[PDB]
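Asks: Start from chain D and add chain A according to the hints.
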Amino acid sequence: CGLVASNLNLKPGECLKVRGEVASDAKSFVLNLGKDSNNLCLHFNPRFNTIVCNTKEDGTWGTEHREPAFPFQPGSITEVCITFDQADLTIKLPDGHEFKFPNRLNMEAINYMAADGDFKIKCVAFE
Amino acid sequence: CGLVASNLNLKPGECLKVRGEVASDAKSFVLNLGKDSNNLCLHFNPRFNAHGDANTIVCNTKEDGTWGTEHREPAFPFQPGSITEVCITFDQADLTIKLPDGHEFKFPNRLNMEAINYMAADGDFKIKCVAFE
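Chains as they are written, first to last, in the authors' numbering: chain D, 3 to 50, 57 to 135; chain A, 3 to 135.
Hints are computed from structural coordinates only; laboratory data are not their basis. Note that CB positions come from ideal geometry on N, CA and C, so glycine has one too. Any given hint might turn out to be false.
As the list claims (entries may be wrong) - Facing chain D, from chain A, some residues (calculated, C-beta under 7 Å):
#: 1; residue: 6
#: 2; residue: 12
#: 3; residue: 15
#: 4; residue: 58
#: 5; residue: 62
#: 6; residue: 64
#: 7; residue: 67
#: 8; residue: 131
#: 9; residue: 134
Extracted from the complex, chain D is given alone in its bound form:
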């Protein structure tokens, strides 16, 4: 499976920039953010067509949001940026388009990040 990072201590206003290579045969990939594997403030699941976003609280999936698809290209290097406040997480897509996603679990920090095997993380930065 993909890169896993803990003790991130990402605070409100701070920006998490993840650059990675989308598999040439990928039909989807996954980026999870939160406190741990069972507590996610953001399950980011683009599908090669829609973007599924959800939360997880104590292992229990929340209600999915679906955003309009982003034309991620297989075999290419793409970049996603995540910021958050008490109210919303903001997800910036490569084309500069943004959407918001509620901070339903009222997380005060993002400490956990994980990608799956369909998204090879090449670069993580905290801005």
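Replies: Quick look at chain A alone, frame taken from chain D:
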């Protein structure tokens, strides 16, 4: 207590670039590399002080939790409160550590790691960027 990363899958020849902020009160910091927390191919513990005598780079390994024979490299003048960068690569023989001034030193791959999957910083080194080149 600092960022911890797993499933790195760093392979021979690949460069691991770690950029981070040295704590303003730091007299040293620690960056660990290996298979897991108990198995380290590199314990990178630079000790800097412009106003102290503890100036040296402590290097060691850890095998099943046990520290190996520690090596000491010449000190690097890391400045507290600054953002610094280190790049690490490896082959079967040695790990190569690239310091900010471009200076390199080597450290033996005594535990014969074929891949690095684990990295951890301490509370004195706040990682800002991790890159795989």
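Asks: Now tell me if each hint is right for this structure.
Replies: Outcome of the hint check:
Here the hint on residue 6 of chain A is kept, as its CB sits about 5 Å from the closest CB of chain D, short of 7 Å. The interface hint given for residue 12 of chain A is broken, as the beta carbon of that residue sits about 10 Å from the closest beta carbon of chain D, more than 7 Å. With its C-beta approaching chain D no nearer than about 16 Å, residue 15 of chain A sits outside the 7 Å limit, and its interface hint is violated. Annotation: residue 58 of chain A was flagged as interfacial toward chain D, and the flag is violated, the nearest CB pair being 27 Å apart, outside 7 Å.
With a cut of 7 Å, the hint placing residue 62 of chain A at the interface with chain D is violated, because the nearest CB-to-CB distance is about 22 Å. The interface hint given for residue 64 of chain A is broken, as the beta carbon of that residue sits about 19 Å from the closest beta carbon of chain D, more than 7 Å. With a cut of 7 Å, the hint placing residue 67 of chain A at the interface with chain D is violated, because the nearest CB-to-CB distance is about 20 Å. Interface hint at residue 131 of chain A: satisfied, since its Cβ lies 4 Å from the closest Cβ of chain D, which is below the 7 Å cut-off.
Checking residue 134 of chain A against chain D: minimum C-beta separation of about 5 Å stays under 7 Å; hint holds.
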